[PDB]
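> Whenever a hint applies, use it, and build me the whole structure from the sequences.
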Amino acid sequence: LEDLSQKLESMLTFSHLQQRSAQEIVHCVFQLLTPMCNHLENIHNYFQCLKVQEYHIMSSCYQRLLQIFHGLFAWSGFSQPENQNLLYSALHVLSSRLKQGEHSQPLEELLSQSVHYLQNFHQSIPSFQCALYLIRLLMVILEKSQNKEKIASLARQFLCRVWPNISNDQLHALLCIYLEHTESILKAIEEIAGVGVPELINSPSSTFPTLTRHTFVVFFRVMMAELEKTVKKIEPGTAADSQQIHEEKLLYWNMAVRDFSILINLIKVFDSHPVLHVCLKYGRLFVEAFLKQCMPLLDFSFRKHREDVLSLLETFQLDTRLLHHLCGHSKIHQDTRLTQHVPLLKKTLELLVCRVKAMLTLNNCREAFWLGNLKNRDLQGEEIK
Amino acid sequence: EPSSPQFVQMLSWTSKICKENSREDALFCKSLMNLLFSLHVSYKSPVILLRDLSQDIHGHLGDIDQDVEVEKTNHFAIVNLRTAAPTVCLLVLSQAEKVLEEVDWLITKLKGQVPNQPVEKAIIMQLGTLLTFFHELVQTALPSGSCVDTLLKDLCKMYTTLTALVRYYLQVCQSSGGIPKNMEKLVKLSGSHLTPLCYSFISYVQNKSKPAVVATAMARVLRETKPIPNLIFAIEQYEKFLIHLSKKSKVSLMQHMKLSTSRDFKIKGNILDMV
Amino acid sequence: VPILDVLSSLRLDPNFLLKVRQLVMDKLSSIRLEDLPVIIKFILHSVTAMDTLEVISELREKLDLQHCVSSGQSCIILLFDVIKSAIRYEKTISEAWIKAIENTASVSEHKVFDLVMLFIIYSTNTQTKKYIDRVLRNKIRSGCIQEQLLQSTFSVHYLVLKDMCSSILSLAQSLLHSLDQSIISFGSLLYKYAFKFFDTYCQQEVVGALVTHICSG
Amino acid sequence: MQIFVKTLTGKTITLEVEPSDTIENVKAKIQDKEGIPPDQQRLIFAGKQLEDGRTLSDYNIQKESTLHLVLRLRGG
Amino acid sequence: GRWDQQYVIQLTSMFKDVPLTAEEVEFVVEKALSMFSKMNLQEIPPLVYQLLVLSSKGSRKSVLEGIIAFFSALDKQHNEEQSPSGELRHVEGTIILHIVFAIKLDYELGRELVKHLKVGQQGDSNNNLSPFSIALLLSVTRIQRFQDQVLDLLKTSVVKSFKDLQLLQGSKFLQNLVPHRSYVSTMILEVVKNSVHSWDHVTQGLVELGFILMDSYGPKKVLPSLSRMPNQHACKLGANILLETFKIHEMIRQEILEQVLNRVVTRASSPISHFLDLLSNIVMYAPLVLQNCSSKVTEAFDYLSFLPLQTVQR
DNA sequence: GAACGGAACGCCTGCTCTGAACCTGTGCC
DNA sequence: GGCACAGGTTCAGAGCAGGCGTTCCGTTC
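Those protein sequences? They're chains A, B, C, D and E, same order as listed. The first sequence runs 969 to 981, 1001 to 1037, 1051 to 1145, 1150 to 1168, 1176 to 1215, 1220 to 1400 under full-length UniProt numbering. The second sequence runs 997 to 1110, 1126 to 1221, 1233 to 1297 under full-length UniProt numbering. The third sequence runs 243 to 311, 337 to 484 under full-length UniProt numbering. full-length UniProt numbering applies: residue 1 is where the fourth sequence begins, and numbers increase by one. The fifth sequence runs 167 to 249, 260 to 399, 408 to 498 under full-length UniProt numbering.
Derived from the structure by calculation, the hints contain no laboratory data. Hints may contain errors.
With a straight-line Cα cutoff of 25 angstroms, these simulated PhoX-like cross-link-like pairs (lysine-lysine) come out [as the list claims (entries may be wrong)]:
#  : chain 1 : residue 1 : chain 2 : residue 2
1  : C       : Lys358    : E       : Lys396
2  : E       : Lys348    : B       : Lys1012
3  : E       : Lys291    : D       : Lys6
4  : D       : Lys48     : E       : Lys397
5  : E       : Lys480    : C       : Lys396
6  : E       : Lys348    : B       : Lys1026
7  : B       : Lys1094   : E       : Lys339
8  : A       : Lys1307   : B       : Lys1288
9  : B       : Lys1168   : E       : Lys336
10 : B       : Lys1105   : E       : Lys480
11 : B       : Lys1105   : E       : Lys331
12 : E       : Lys197    : C       : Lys397
13 : E       : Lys336    : B       : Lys1105
14 : C       : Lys366    : E       : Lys242
15 : E       : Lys291    : B       : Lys1105
16 : B       : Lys1288   : A       : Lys1390
17 : E       : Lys331    : C       : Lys396
18 : E       : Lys369    : B       : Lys1107
19 : E       : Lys204    : D       : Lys6
20 : B       : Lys1164   : E       : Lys291
21 : E       : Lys397    : C       : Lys397
22 : B       : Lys1288   : A       : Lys1319
23 : D       : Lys11     : E       : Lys182
24 : E       : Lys197    : D       : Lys11
25 : B       : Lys1164   : A       : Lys1372
26 : B       : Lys1040   : E       : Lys339
27 : E       : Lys348    : B       : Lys1094
28 : B       : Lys1196   : A       : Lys1400
29 : A       : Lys1390   : B       : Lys1012
30 : A       : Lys1400   : B       : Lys1280
31 : B       : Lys1105   : E       : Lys348
As structure tokens, this is what we get:
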């Protein structure tokens, strides 16, 4: 199976192989894998429901199998219709791995049967990588259609289990998969950021484990990136759009902003190179999204829905300030690696200021825009001199 | 011919007219000055010229502190409250830009090489002189119009040029172990005189606030946003490259400069009357 | 028709000219082939600067070029010679044409005449080559211009492009350099059919060009 | 009349021929006095690749003027 | 060890077949290139052949550096002796031809060459180039893969030469600092002046460059100084090249003229003044050739209604 | 000795250079 | 009290440079 996974990886994403077409190889592989490695997969499940070197081997076999399945099912010749008769026979096989009689069945029903079969492995698995392959497999089976909830429950189980080491990138990919399928990204980070704390309270390893003093980094990274990606998707309409839609947009904004505030406040406890490296690199992206896709809405809904906007901006100052402090901190402890990403941040903040000025300028309240220079603090709260 | 005595007496006479006469017309003044630069540059650099003028502007127009007592009209006569604000600011600023083009051009040529010593020396003397120019300008209560935008975009040009000088020095001092004292003194000046004022200037411009098609209003306002940010970005980028050089010199160039001042805003109880 | 010869060759106001232009354009598809080049020549120097996109679109959607299909191929060569005489300098019509067809890149039912014109105008104007280049590189990408058009193109409209060998070959060469194997596929199909239906000189030229792309790129 | 050729080993070689004679004649003489056939030869004067059907009058080639050779091995 | 100046080529060729490091190929090439000075001339090209095919597996930039230093310095020696040719330029031509033909195999050499003579920062274009290097590049041009990059290089090299000279002239400070190097325009005309020595694989490239310049940098914004003044010294150099080329090379005067007339005729949508000024200058040198383009001449006279007035008149 | 940060060659974005015309403001008849 | 010239401004286009995206080597534990 090491050998066969090597060959598929080469072929899709070794000479005697390459003198054949992918279609030929996959066409043969249906007959060369499906019913008889399904037996072997079932046998692994039987074993893993329950000397150590065999266990290591059997885990390796399990991941190699599922890797083969993913390498199979993601073939871009199942996009085109020719290889899809093959897929219909394959699905027939996977469904008939439990139950027979439902012949020439609707495609989607057969998908449900296959994935419902693939559900039952969730507890057997010993290691991370297996889980990941399984999930990626399911997701690429399922896109042939709501169903996110099943992926989400599964991902949450496999983020929440014990996992007796683990490499960061695996987890990165798993949590990307979690968050892009969850209902509410915002309350997800909020839950996880009232839980970034018990890493400090309890264990010098939490109630959401896979969260060592190491692993915080990757959580943070993904929470920042996926949040910034989320809010970028919003389109501000016009005053033709109802106050109602504006209200829910603003609440959405407000939740995202306080989320961001909560994220950034975690820097004082977790000072390092790379956690800083993240908030610098991501903060600017957040703010830019805020400029390009809030400010026009505020221009629209100023004169009616103003007090919300003022609470919003006032709140947003209270981490903007932290970010400026961070820039200063980064300059003082003269760390090349962080300072690289300062000046675009700076430039981005001042541009926020000036955009607000312009925002009032349109609404005929320009003179009210007063400035004040800022006290110089570190991250904790001083007036450093 | 530039070196010919007739060029020389001509230039000198011109300068006497510029030292002598008020002459409250604008264009007349503008034409004289343009004449003067277009001669002078063929003779030698125009910076001490620029310095004298900037001082005279400061003396005539005011200061942002509203409380420093100053007059240096004696230098160059062709100034009033009518003359010097919306005209001569621009003109002298456009001459400074020509200087900064010349110097960035030198610097590119030096990185070309990889002769050097007098090159750098002349560059630094130039830069320091007109850095002093910018000092006397930046303390000034200019108007909210064009000359103010012009100045921001010439500062950006300034800092950028310094950044380029610094980047030159990166590629040198790593090989040898350098920063001759001139450059140090220059950065000392860049910190002390210019930068903190820059921030104070911006306080002035932004706090200074005192019918138009909505789409073209959008065009106007969004054109009005960029330069101050582009300034920031240039400053910070000076600072960043200093850090690098600090790391690769065994010197704190940042012991000279200061914690970068930054700007938080507010809103007040005026919106109420407007609605 | 000889009225149109005369009237085309006269000083007349653009308003009566526009009247008679419509008196022609209503009677386009109701005609034999024999008469069309002298008609079309008149039409090519009846247009304004502002009725250019409208009349190119009107014309291009109205025509057959296939109902007529050894007087057929001979009088279509004369039609194309009339087109060669009008495209050469009147850029207000040539750019109008380029942009009249790029704007009809939505519908994949745009036909032989659209590509014949691409080749002719690519050969014609040294200057507007790269707008054509970019238009076709976007066009090809959309699941538009495909083989079957090229097939019939070179199957019937070969005598016109028989002359424009190196035009085709330059296009092909410029295609095969880049990525997006659709590009490369089409540029290869171009060589194949071009080599197929053309003279032995053309064939000699093709293989020369091919071995050049081989030793070189 | 006398002329020179030099090659990839630096074998300065002296060729006696009339200027009205042609280039393939010199290739024959190279096959004769040096054993190198014509088709492998590539003859140059002063940055011009010399063809067969020409002569030394065509290229203004004169007494003791030095030619250059290489071995154009098709395969190698 | 000291090298018997006669039989050093064979010695050099011995290093060819031994597989060496970069260090040992570097040692041999640097010493063997230092040997160039203390020789007769005519032995050098086949030496260069062996150097090159060895240089295919080692340090090649080093060889080109040494080559160009050698030939640029000696060109300047000749120039100062002027203010020893009929062999010298001949050997140069042959060398150029060798290196072109060797690039014909290995293209990495092409890219390493061009990186060496990449202007990049403009001050490199005041130590990079000589007339000799330029001649090299214009000979290189003939490879269809290299007719873009080389010409973008020469073109943009020439425009930046003029942007420097304009800016230097309009300052005195800079004149008090710098001593005037050579500027690309005058190098290119020395080359053309010295193309009488009659290697003509250049001349097609030259022609091509002249046409590029006049095509690109000719009045199109004109139907300032920055966009105007040093993109007219370009055009003028184009036309100046062609006219000068034309006075020397009686093989070429036909093809120039057919291309020019194609340019004059098909356009006159665009302004083509520079071309007609050129054409007048050409004919006023030697009208006889215009018998040979009698064909295109008479073809124009069928188009001479559809052309506008000024065209026709000049 | 390994990994993570510094580093190089190409394409797209956007920003700038420039021109041209409209329009509106001021001074003189 | 109105008309003409100027100057600002703005838009449209086009062209080009730099930064990030992919891919690899140095430096610091």
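> All hints are to be evaluated individually against the structure, with a verdict given for each.
Going down the list of hints, with the structure as the test:
The hinted pair formed by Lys358 (chain C) and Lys396 (chain E) meets the criterion: a straight-line CA distance of about 16 angstroms does not exceed 25 angstroms. The hinted pair formed by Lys348 (chain E) and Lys1012 (chain B) meets the criterion: a straight-line CA distance of about 22 angstroms does not exceed 25 angstroms. Annotation: proposed proximity of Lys291 (chain E) to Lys6 (chain D) is violated, straight-line Cα distance about 32 angstroms (limit 25 angstroms). Taking the CA atoms of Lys48 (chain D) and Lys397 (chain E), the gap is about 42 angstroms. The hint is violated against a cut of 25 angstroms.
Between the alpha carbons of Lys480 (chain E) and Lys396 (chain C) the distance comes to roughly 23 angstroms, so the proposed pair stays at or under 25 angstroms and holds. Between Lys348 (chain E) and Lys1026 (chain B) the CA atoms are separated by roughly 23 angstroms; this keeps the pair inside 25 angstroms, and the hint holds. Of the supplied pair hints, the one linking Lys1094 (chain B) and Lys339 (chain E) holds, its CA atoms being roughly 14 angstroms apart against a limit of 25 angstroms. For the suggested pair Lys1307 (chain A) and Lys1288 (chain B), the alpha carbons sit about 21 angstroms apart, so the restraint of at most 25 angstroms is met.
The hinted pair formed by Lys1168 (chain B) and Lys336 (chain E) meets the criterion: a straight-line CA distance of about 21 angstroms does not exceed 25 angstroms. Straight-line distance between C-alpha atoms of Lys1105 (chain B) and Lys480 (chain E) comes to about 48 angstroms, which puts the hinted pair past the 25 angstroms bound. Straight-line distance between C-alpha atoms of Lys1105 (chain B) and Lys331 (chain E) comes to about 19 angstroms, which keeps the hinted pair within the 25 angstroms bound. Distance hint between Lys197 (chain E) and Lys397 (chain C) is unfulfilled; the C-alpha atoms sit about 50 angstroms from each other, more than 25 angstroms.
Between the alpha carbons of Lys336 (chain E) and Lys1105 (chain B) the distance comes to roughly 12 angstroms, so the proposed pair stays at or under 25 angstroms and holds. Of the supplied pair hints, the one linking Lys366 (chain C) and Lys242 (chain E) is violated, its CA atoms being roughly 55 angstroms apart against a limit of 25 angstroms. Straight-line distance between C-alpha atoms of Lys291 (chain E) and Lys1105 (chain B) comes to about 18 angstroms, which keeps the hinted pair within the 25 angstroms bound. Between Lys1288 (chain B) and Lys1390 (chain A), the direct Cα distance comes to roughly 15 angstroms. Compliance with the 25 angstroms bound is thereby established for this hinted pair.
Using a Cα cut-off of 25 angstroms, the hinted pair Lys331 (chain E) and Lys396 (chain C) holds, with the two alpha carbons roughly 21 angstroms apart. This hinted pair does not check out: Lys369 (chain E) and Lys1107 (chain B) have alpha carbons roughly 33 angstroms apart, beyond 25 angstroms. Distance check on the hinted pair: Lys204 (chain E) and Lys6 (chain D) sit about 19 angstroms apart at the alpha-carbon level, within 25 angstroms; holds. Proximity of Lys1164 (chain B) to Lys291 (chain E) is assessed by CA-CA distance (about 35 angstroms); at most 25 angstroms being required, the pair is judged violated.
At most 25 angstroms may separate the alpha-carbon atoms for a hinted pair to count; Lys397 (chain E) and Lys397 (chain C) meet this at roughly 20 angstroms. For the given pair, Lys1288 (chain B) sits about 20 angstroms from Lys1319 (chain A) by alpha-carbon distance, which is consistent with the 25 angstroms threshold. Simply put, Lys11 (chain D) and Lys182 (chain E) have alpha-carbon atoms about 18 angstroms apart, close enough for the 25 angstroms limit, and the pair holds. A C-alpha spacing of about 22 angstroms is found between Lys197 (chain E) and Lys11 (chain D), which places the hinted pair at or below 25 angstroms, so the restraint holds.
For the hint linking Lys1164 (chain B) to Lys1372 (chain A), the alpha-carbon distance of about 20 angstroms falls within 25 angstroms, and the restraint holds. Restraint check: the Cα-Cα separation between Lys1040 (chain B) and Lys339 (chain E) comes to about 21 angstroms, which is no more than 25 angstroms; the hinted pair holds. Simply put, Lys348 (chain E) and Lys1094 (chain B) have alpha-carbon atoms about 13 angstroms apart, close enough for the 25 angstroms limit, and the pair holds. Proposed proximity of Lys1196 (chain B) and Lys1400 (chain A) is supported: the alpha carbons are some 23 angstroms apart, at most 25 angstroms.
Proximity of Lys1390 (chain A) to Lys1012 (chain B) is assessed by CA-CA distance (about 50 angstroms); at most 25 angstroms being required, the pair is judged violated. As the CA atoms of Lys1400 (chain A) and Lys1280 (chain B) are separated by approximately 9 angstroms, the hinted pair is consistent with the 25 angstroms bound. Between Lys1105 (chain B) and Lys348 (chain E), the direct Cα distance comes to roughly 17 angstroms. Compliance with the 25 angstroms bound is thereby established for this hinted pair.
In summary, the numbered hints that this structure violates are 3, 4, 10, 12, 14, 18, 20, 29.
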